[PDB]
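Trainee: Residue strings, one per chain:
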Amino acid sequence: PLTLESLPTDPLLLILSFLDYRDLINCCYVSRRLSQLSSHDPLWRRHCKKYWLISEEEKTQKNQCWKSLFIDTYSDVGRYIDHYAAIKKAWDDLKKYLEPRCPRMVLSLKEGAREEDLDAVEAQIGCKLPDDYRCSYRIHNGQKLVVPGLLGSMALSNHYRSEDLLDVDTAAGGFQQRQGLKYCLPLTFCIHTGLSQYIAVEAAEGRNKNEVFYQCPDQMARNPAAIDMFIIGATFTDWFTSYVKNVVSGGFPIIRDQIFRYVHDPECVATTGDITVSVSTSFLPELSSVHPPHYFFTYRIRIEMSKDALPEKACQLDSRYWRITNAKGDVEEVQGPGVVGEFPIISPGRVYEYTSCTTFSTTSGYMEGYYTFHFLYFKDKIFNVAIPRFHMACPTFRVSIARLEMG
Amino acid sequence: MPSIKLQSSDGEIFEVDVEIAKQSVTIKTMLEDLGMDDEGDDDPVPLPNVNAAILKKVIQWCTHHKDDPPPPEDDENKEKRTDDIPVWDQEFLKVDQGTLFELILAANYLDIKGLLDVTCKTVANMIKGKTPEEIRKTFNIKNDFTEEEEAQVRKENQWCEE
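In order, the protein sequences belong to chains C and B.
Numbers given in the authors' numbering equal positions in the first sequence, counted from 1, plus 9.
Going by the authors' numbering, the residue at position 24 of the second sequence is 24; the numbering climbs one at a time, nothing skipped.
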């Protein structure tokens, strides 16, 4: 004789608090009491502070009740409801970590791209964009073509890379449907070099749908459809959230007021004496190749002396002995005087950072070696500085299905 | 062992260890501010809003949770789910809807946080992911909406519709 409607207001509110948003709306059609209690404003607070990450301050600024906030948000980014809660969490983190850091990049960012533009893009390319990709470009259309970019940069002595996130319209204009790179859509452009961190809007040509890869042409093969890939992340959400985690976790150092793609491992430290050596590695898909295997790498070494050390222990570099080791076990050595044609000074307060290039011909690889400092005041005394055994790593490549079928 | 007497509306006198019965917030407040401070002469504490069987079930549950760790005091973004119910808690609550609802009423009266939380979790799990006809068939509620009210609520909530 006692049913769910006969329960008091507080246990019924506790029951409805555990329900999900579709169930809370689904309870509005059940009964008048459940319809009245489903529109309780705190009930749309567990469902709005997690599904859209709308905090208290946003509510107070918009002065709306919680259910009104939820319906207004679902009328805008609703169909991406299972992706928004992730993507904005990245997008509001990258835009936060860059607020005391490099401010020109977030100022270069455009505002949101309305659904009309994305529908026009889908009509132009003839395929359907991934829903999470649509949500991410709904929050921000990226930036106009300004160097430096948002997806990292890489600076050699001669080869400078900087990739900026591409808008919807330029992505549609640069969409590719040729043999090989079929149904692939660009997420960035480099202007300087021509990097195109493509995404696959349709599962074709050896690619599962919604995968993020670089464009590495087959130099050995003469087939125009022979394009090899350098898969970065699983999906668009995985790619962007991994990049944002790397940026905000300090994994990507900030150099020259840019974001750099220097994958630095904290294990690779071989501080000897008062001299602290720190090495960061990176990959460059423009100078790299698959057939023949080139697998280019760059590396920056952060050598410095602590200010705790007395200035009388002053030393200067004059050598770079390097034990390059590939996956075949081959060892090659260099002995040229001075790093990158320079003889730096390591002093209390001095921090020397230089970029250098290596050419590991196999997918794996690592280096080690010595600088063999010569002392400044005592011209005969030599100190020994050992570079840590940092382990290079190219991303998971994928030979083209054109080459795989060929033989 | 220190003890306390809980009396039902039916009249049955149950004996509960006071360290057990202190899990209920109301009894804890009563015996921390009024009861054990004065050392009442073991008179039965009447609980006129519960019956005998429901009192026996809350006593059984609370004895089963007499050594339960303190609950996590987190809400909002903690996202209290509906699947972390313990397996003995799942098996103990396997009763009909009337007994479950009387148990929820008893849990709200005695303010037992754990029992109220797990009973609300099971009731929510009986509702989560079902059509309104399925909800009204699983439970027993007649559609008090008229055609005008049904059209009004459909116009109000025709947004989750896909």
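Hints were generated in silico from the structure; no laboratory data involved.
Accuracy of the hints is not assured; some may be wrong.
[Unchecked claim] Calculated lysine to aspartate or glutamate pairs in the EDC-like style (CA-CA distance at most 16 angstroms, straight line):
| no. | chain 1 | residue 1 | chain 2 | residue 2 |
| --- | --- | --- | --- | --- |
| 1 | C | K119 | C | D32 |
| 2 | B | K113 | C | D19 |
| 3 | B | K78 | C | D29 |
| 4 | C | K119 | C | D101 |
| 5 | C | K59 | B | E79 |
| 6 | C | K59 | C | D126 |
| 7 | B | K128 | C | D29 |
| 8 | B | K128 | B | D74 |
| 9 | C | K254 | C | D102 |
| 10 | B | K78 | B | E91 |
| 11 | C | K76 | B | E156 |
| 12 | B | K130 | C | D32 |
| 13 | C | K76 | C | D50 |
| 14 | C | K58 | B | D74 |
| 15 | B | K56 | B | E102 |
| 16 | B | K137 | C | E14 |
| 17 | C | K58 | B | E79 |
| 18 | C | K59 | B | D75 |
| 19 | B | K128 | C | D32 |
| 20 | B | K130 | C | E214 |
| 21 | C | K68 | B | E156 |
| 22 | C | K59 | B | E102 |
Trainee: All hints, please: hold or fail.
Mentor: Hint-by-hint comparison with the structure:
1. C:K119 with C:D32: 36 angstroms, violated
2. B:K113 with C:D19: 13 angstroms, holds
3. B:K78 with C:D29: The given pair, whose Cα atoms are some 14 angstroms apart, holds under the 16 angstroms limit.
4. C:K119 with C:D101: Status holds; Cα separation ~14 angstroms.
5. C:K59 with B:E79: Between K59 of chain C and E79 of chain B the Cα gap is close to 8 angstroms, so the pair holds against 16 angstroms.
6. C:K59 with C:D126: Outside the cut-off at roughly 28 angstroms; violated.
7. B:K128 with C:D29: 7 angstroms, holds
8. B:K128 with B:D74: Given that 16 angstroms is the threshold and the Cα spacing comes to 22 angstroms, the pair is violated.
9. C:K254 with C:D102: 9 angstroms, holds
10. B:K78 with B:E91: Violated, at about 26 angstroms.
11. C:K76 with B:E156: Status holds; Cα separation ~12 angstroms.
12. B:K130 with C:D32: Since the Cα atoms of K130 of chain B and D32 of chain C sit roughly 8 angstroms apart, the hinted pair holds (cutoff 16 angstroms).
13. C:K76 with C:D50: 6 angstroms, holds
14. C:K58 with B:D74: 14 angstroms, holds
15. B:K56 with B:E102: Since the Cα atoms of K56 of chain B and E102 of chain B sit roughly 12 angstroms apart, the hinted pair holds (cutoff 16 angstroms).
16. B:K137 with C:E14: Holds, at about 14 angstroms.
17. C:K58 with B:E79: Given that 16 angstroms is the threshold and the Cα spacing comes to 10 angstroms, the pair holds.
18. C:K59 with B:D75: 12 angstroms, holds
19. B:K128 with C:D32: 6 angstroms, holds
20. B:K130 with C:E214: Cα-Cα ~41 angstroms, so violated.
21. C:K68 with B:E156: The hint is violated at about 22 angstroms.
22. C:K59 with B:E102: Roughly 33 angstroms between the alpha carbons, so the hint for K59 of chain C and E102 of chain B is violated.
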